[PDB]
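Visitor: For reference, the chains in residue letters:
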Amino acid sequence: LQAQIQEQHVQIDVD
Amino acid sequence: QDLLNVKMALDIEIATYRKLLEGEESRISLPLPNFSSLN
Amino acid sequence: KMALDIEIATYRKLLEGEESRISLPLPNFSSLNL
Amino acid sequence: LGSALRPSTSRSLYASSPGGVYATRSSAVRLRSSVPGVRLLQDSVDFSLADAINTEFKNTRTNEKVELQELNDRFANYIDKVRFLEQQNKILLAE
Amino acid sequence: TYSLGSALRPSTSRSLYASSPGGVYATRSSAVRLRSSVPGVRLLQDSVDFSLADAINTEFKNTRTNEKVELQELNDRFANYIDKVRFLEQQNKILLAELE
Amino acid sequence: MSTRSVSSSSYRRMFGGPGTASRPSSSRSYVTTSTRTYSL
Amino acid sequence: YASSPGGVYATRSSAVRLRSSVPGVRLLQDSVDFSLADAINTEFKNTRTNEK
Amino acid sequence: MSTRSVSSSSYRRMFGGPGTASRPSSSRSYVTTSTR
Amino acid sequence: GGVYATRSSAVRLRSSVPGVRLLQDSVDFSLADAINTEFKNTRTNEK
Amino acid sequence: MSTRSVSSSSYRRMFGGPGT
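Chains as they are written, first to last, in PDB author numbering: chain AD, 245 to 259; chain AP, 384 to 422; chain AO, 390 to 423; chain AA, 40 to 134; chain AB, 37 to 136; chain w, 1 to 40; chain AF, 53 to 104; chain x, 1 to 36; chain AE, 58 to 104; chain 2, 1 to 20.
Some hints could be false.
A few chain AF residues facing chain AB, derived, Cβ under 10 Å [unchecked claim]:
| # | residue |
| --- | --- |
| 1 | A54 |
| 2 | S56 |
| 3 | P57 |
| 4 | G59 |
| 5 | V60 |
| 6 | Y61 |
| 7 | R64 |
| 8 | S65 |
| 9 | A67 |
| 10 | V68 |
| 11 | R69 |
Mimicking EDC-like on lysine to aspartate or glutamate, the simulated pairs with C-alpha atoms at most 20 Å apart in a straight line are [what the hints assert, rightly or not]:
| # | chain 1 | residue 1 | chain 2 | residue 2 |
| --- | --- | --- | --- | --- |
| 12 | AB | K120 | AA | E125 |
| 13 | AA | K104 | AB | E95 |
| 14 | AB | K104 | AP | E408 |
| 15 | AO | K390 | AP | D385 |
| 16 | AP | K402 | AD | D259 |
| 17 | AE | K97 | AF | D90 |
| 18 | AB | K129 | AB | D119 |
| 19 | AE | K97 | AF | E103 |
| 20 | AE | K104 | AF | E103 |
| 21 | AB | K97 | AA | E103 |
| 22 | AF | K104 | AE | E103 |
| 23 | AB | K97 | AA | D90 |
| 24 | AA | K129 | AO | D394 |
| 25 | AA | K129 | AB | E125 |
| 26 | AB | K104 | AA | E106 |
| 27 | AF | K97 | AE | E103 |
| 28 | AB | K129 | AA | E134 |
| 29 | AE | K97 | AF | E95 |
| 30 | AP | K402 | AO | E405 |
| 31 | AA | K129 | AB | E134 |
By construction, these hints were calculated from the structure, which means they are not laboratory data. Idealized CB from N, CA, C, for every residue including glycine.
Just chain AD, with the same shape it has in the complex:
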């Protein structure tokens, strides 16, 4: 679970 929270780092600038 802490590895999922560590991988969410990931994505793009919002609006």
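Fit chains AP, AO, AA, AB, w, AF, x, AE and 2 to the given chain AD structure using the hints.
Guide: Using the frame of chain AD, we list chains AP, AO, AA, AB, w, AF, x, AE and 2 on its own:
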């Protein structure tokens, strides 16, 4: 390490997305995500 | 901890490219764990 | 160590000068040709153009600084990306 | 040892700028009469610039640049207000995780 | 006849007085007295 | 040893305007010390003594 | 005629220059030290 | 005890009011702060 | 003008002297 491998795979996929979407925001903006969080 | 040290570091390896991505978040390459 | 774990310091120590704003007083002659005049038509009806260019340079600075405020706030959302990972990484490092 | 925000909080001092515009002084001792030693040989005709309305449209050009960038600064204030909502939720979320 | 010249006087006409020649050199560097949590 | 550095207080009530009662008669020209780089090399001298 | 009235302003006063000698060297150095 | 840091209190105002000179204000003092790091590296040496 | 603000600090309190 595999939660951090999902985070690493997301970092590469987010690069391939970022260098095109935020990389057309480029002509206002620009690119890179990298790799790793392996522990 | 060492996962958060390298994930902070590699979010810094995102952030040179996100500083590039709006002329913007500077904090780059640096918290490296091994 | 309940105190140093919130590094409470004023980074507000910068001081920008507003100096250099030297408004040039135009001092046209404001008298028509010679004494009370021998011509009238040719005195260049225009200068509400120069005051409409003074409002062009008002609206140009409302533009230019905000072509530089989308800017600082595109830079801010890229710093706030660093705060979003610092917060998600802080929940992660409490968990 | 307890934390205190008292060294994080500076004094935001309000400078006040008391502008008084300059009074309208000009040659009110002119025109005691208009001179006739050379009189007003007064060239009329008219339909003249009117460049002031084109310059109100160069004002409105750089107003189109300010409207389109107040529209973009409104998305960038959406991002800086979404930062403020992300922090509102995440300072509650850190406090819920550091409590549950 | 003598011209009643209420001049820009010859001590500030060419000398930018109160004024940028009176030089408000106030670059506003805040004197950040950095507070550390440390007794020696 | 809980050191808290002193806050940056200085004359923020200056320059409401710069005065024109005597204006900024502003002597420019430049290429000036730069003694700070020689003093970074007197720092680096006593850094050679600390390295050795 | 022309009139050289207040248009270009006269320095009759306003300089002055009181800052020529009003910034004390007796402004206290408040010697900060970490207690040993 | 004996570590008494002397607070320098220069006038921090240029000649008279907002100034009648500008060039001559002694651009230097990063020398005095590079001498503060000379006395850091001198104490890293001396001890 | 000069201003004699907090620069040289005022002893309004802090001595005291409870060790007396």
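Visitor: Need the list of violated hint numbers for this structure, in ascending order.
Guide: none
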